[PDB]
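Residue-level listing of the chains:
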Amino acid sequence: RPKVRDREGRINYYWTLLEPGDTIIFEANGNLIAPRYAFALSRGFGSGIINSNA
Amino acid sequence: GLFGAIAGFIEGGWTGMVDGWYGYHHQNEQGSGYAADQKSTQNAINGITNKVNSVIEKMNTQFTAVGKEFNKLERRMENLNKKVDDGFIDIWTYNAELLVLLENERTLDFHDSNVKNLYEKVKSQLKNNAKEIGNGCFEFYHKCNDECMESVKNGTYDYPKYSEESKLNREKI
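Protein chains in written order, with the authors' numbering: chain C, 220 to 273; chain D, 501 to 673.
Bound-form chain D, shown alone:
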């Protein structure tokens, strides 16, 4: 969208990944599988949670009786009351709807952010030991068993340990 990851180069979502909002799909011989990155997902849940709880919990409301009843020689008062009520209703309607719109856009952009930043996190670890295949996917030059994958996931990857094999496999490509 605003960062070109969700609905951008990553065409769609993974219905099989239930561990969270953001995650990984690996393809080492040992087998495939889906996982979630609980760090970014958890930070996103905390942020969004705080947003919603900030749009709700911030509404102070004193004890108030909106209704006022007037007679037939108090039409000025009755129309003044009507004017107050209608004014507040206008304000809250407008500001409420625009708030929902604007912050919905902001939320979607926030997810798009998290995914792009995650992709870049992986990219900066694999500079020459892999190529950018398709979209939201890297192909390795050295074979990366489960342990290695779970290494990319928790940040620690150890690049020079696999740099040589990669240097070989890359030349002919």
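Next comes chain C alone, as it looks inside the complex:
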């Protein structure tokens, strides 16, 4: 790939939500960027993001 931050290679980033009781399973023979820390959160609802210098 064209040099971005001087790097011809890439990492595609992926995420998902794991509800209680359910189990997530990773398997790999290579190219994995494993998780180290995850985020146990409760939801909240109906907000947005602000982009300003105030």
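No wet-lab data here; the hints were simulated from the structure. Note that CB positions come from ideal geometry on N, CA and C, so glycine has one too. Do not take every clue at face value.
Now the in silico label distances, taken between C-beta atoms and shown as ranges [unchecked claim]:
(1) D:577 x C:244: 18 to 24 Å
(2) D:557 x C:257: 34 to 40 Å
(3) C:269 x D:573: 54 to 60 Å
(4) D:570 x C:271: 17 to 23 Å
(5) C:267 x D:508: 50 to 56 Å
(6) D:514 x C:271: 49 to 55 Å
(7) C:269 x D:539: 16 to 22 Å
(8) D:557 x C:220: 35 to 41 Å
(9) C:223 x D:566: 29 to 35 Å
(10) D:557 x C:245: 38 to 44 Å
(11) D:575 x C:244: 34 to 40 Å
(12) D:549 x C:267: 33 to 39 Å
(13) C:243 x D:577: 54 to 60 Å
(14) C:256 x D:577: 31 to 37 Å
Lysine to any residue pairs mimicking SDA-like chemistry, simulated, CA-CA at most 20 Å apart [unchecked claim]:
(15) D:631 x D:651
(16) D:572 x C:231
(17) D:568 x C:263
(18) D:572 x C:262
(19) D:568 x C:270
(20) D:568 x C:271
(21) D:568 x C:231
(22) D:572 x C:243
(23) D:582 x C:231
(24) D:568 x C:268
(25) D:582 x C:269
(26) D:583 x C:267
(27) D:582 x D:601
(28) D:572 x C:268
(29) D:568 x C:262
(30) D:568 x C:266
(31) D:582 x C:268
(32) D:643 x D:533
(33) D:582 x C:266
Please build the complex by placing chain D on the supplied structure of chain C, with the hints as guidance.
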């Protein structure tokens, strides 16, 4: 205006009267002065107050995040969101401005009402004991000291008490 009292036969306003919106100016020997009619003024303050507090306090607004962000294969969604936002903005702009206009007209007409009704209140008490001089003004045939004026103001006037003197002074006129 719509009733011909404010900006109508009453050419202008009284900068010296601070007691309220509606009031009186008397000219009995004892002296002059300005007063306000707190009944009509207070009813008008209650009505207008209720109007404004009804245009404001009636706006329920849930907690809402207007912004939505889309990628480059979601242009249909992005234009749909844009369509929603722009639609509501159009509605509220139009209805808001026309509301302000129409109700401003209504308010001015409401004041014009109150003043004309007040003039008529005074007129129906003084039928033959006075004449309609100039505009928003009555001239008495019998002399009316402060007590009598303050009587016209609070509604009680007592007409037959002054009917005779008036009957005299009116004949030659």
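Do the hints match the structure? See the list:
1. D:577 x C:244: 18 to 24 Å: violated, 33 Å
2. D:557 x C:257: 34 to 40 Å: For residue 257 of chain C against residue 557 of chain D, whose Cβ atoms are near 47 Å apart, the range 34 to 40 Å is violated.
3. C:269 x D:573: 54 to 60 Å: violated, 25 Å
4. D:570 x C:271: 17 to 23 Å: About 20 Å separates the Cβ atoms of residue 570 of chain D and residue 271 of chain C, which means 17 to 23 Å holds.
5. C:267 x D:508: 50 to 56 Å: holds, 54 Å
6. D:514 x C:271: 49 to 55 Å: holds, 51 Å
7. C:269 x D:539: 16 to 22 Å: violated, 52 Å
8. D:557 x C:220: 35 to 41 Å: violated, 59 Å
9. C:223 x D:566: 29 to 35 Å: About 33 Å separates the Cβ atoms of residue 223 of chain C and residue 566 of chain D, which means 29 to 35 Å holds.
10. D:557 x C:245: 38 to 44 Å: Check failed, 56 Å falls outside 38 to 44 Å.
11. D:575 x C:244: 34 to 40 Å: holds, 36 Å
12. D:549 x C:267: 33 to 39 Å: holds, 36 Å
13. C:243 x D:577: 54 to 60 Å: violated, 29 Å
14. C:256 x D:577: 31 to 37 Å: Since the Cβ atoms of residue 256 of chain C and residue 577 of chain D sit about 32 Å apart, the hinted range of 31 to 37 Å holds.
15. D:631 x D:651: Holds, at roughly 18 Å.
16. D:572 x C:231: holds, 18 Å
17. D:568 x C:263: holds, 17 Å
18. D:572 x C:262: violated, 27 Å
19. D:568 x C:270: At roughly 12 Å apart (the allowed maximum being 20 Å), residue 270 of chain C and residue 568 of chain D satisfy the hint.
20. D:568 x C:271: Since the Cα atoms of residue 568 of chain D and residue 271 of chain C sit roughly 16 Å apart, the hinted pair holds (cutoff 20 Å).
21. D:568 x C:231: Not satisfied, since the Cα-Cα distance of roughly 24 Å exceeds 20 Å.
22. D:572 x C:243: violated, 30 Å
23. D:582 x C:231: Given that 20 Å is the threshold and the Cα spacing comes to 30 Å, the pair is violated.
24. D:568 x C:268: holds, 9 Å
25. D:582 x C:269: holds, 17 Å
26. D:583 x C:267: holds, 19 Å
27. D:582 x D:601: violated, 29 Å
28. D:572 x C:268: Status holds; Cα separation ~19 Å.
29. D:568 x C:262: With a Cα-Cα distance of about 18 Å, the restraint between residue 568 of chain D and residue 262 of chain C holds, given a limit of 20 Å.
30. D:568 x C:266: holds, 10 Å
31. D:582 x C:268: holds, 17 Å
32. D:643 x D:533: holds, 16 Å
33. D:582 x C:266: holds, 18 Å
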